[PDB]
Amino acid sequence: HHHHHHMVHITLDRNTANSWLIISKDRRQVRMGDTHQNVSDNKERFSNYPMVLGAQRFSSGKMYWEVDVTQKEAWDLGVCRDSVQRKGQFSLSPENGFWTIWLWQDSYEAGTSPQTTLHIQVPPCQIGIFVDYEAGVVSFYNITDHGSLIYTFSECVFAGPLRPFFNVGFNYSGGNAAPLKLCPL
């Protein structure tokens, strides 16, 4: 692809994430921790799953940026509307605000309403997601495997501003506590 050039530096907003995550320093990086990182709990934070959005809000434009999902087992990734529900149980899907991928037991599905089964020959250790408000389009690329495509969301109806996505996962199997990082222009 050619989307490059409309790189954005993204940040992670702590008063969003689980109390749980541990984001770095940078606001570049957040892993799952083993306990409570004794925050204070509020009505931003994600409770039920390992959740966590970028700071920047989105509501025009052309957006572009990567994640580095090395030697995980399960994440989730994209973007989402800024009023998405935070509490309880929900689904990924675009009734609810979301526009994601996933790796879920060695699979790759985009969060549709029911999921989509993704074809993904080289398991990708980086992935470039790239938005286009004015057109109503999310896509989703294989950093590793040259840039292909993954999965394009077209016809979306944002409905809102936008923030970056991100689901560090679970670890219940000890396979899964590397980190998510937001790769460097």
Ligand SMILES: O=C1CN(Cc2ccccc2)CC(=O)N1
Contents of the next structure:
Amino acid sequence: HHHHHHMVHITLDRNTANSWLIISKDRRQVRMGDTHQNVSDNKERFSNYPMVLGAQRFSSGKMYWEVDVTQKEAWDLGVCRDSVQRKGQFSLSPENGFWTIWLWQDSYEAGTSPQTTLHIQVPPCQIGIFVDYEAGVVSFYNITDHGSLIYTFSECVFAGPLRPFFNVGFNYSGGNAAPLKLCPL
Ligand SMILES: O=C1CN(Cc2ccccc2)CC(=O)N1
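May I ask for the structure of the form solved in complex with the ligand now, the form solved without the ligand having been displayed?
Full assembly next; the chain just shown is listed first.
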């Protein structure tokens, strides 16, 4: 791909984070904490899952960023509407305002409803995410495999401002403690 020149500097929004997440000082890394991280509750925080939003809101244009997923067993990545549900149980789907892919139990899937199997020969250590607002496109790229395409959501109905979306996943196994990191431009 040749989307690198639309690179944007993403930072994480503390206020949206599940209360167990630890966001680095530079707001570029996030990981699962051992316990509750001693923050007050608020209506923005994702309550049920280890999720956080980027601070940036996009309503036009083309945007690109990259995320490091090295040594994780489980995670979700993509974009979502600013108005997505924060509290309780929900599925990641375009009907609920999410355009995402994930790793879970040694398989990669796109967050369609129902979910779509992805075909990845080279497990990625870094993921590229491209959003074309006007075109209604969200695409995912395997940076470890020379930028190969993972998945394209087309005919997207964003229906609002978009925010970068992250889920570090649970760490029931003791093998998923590693952070998500926003990679430098
Ligand atoms: O990885 C974990 C975290 N988990 C707490 C938790 C629940 C809901 C949302 C965020 C955090 C408990 C557990 O058993 N392991």
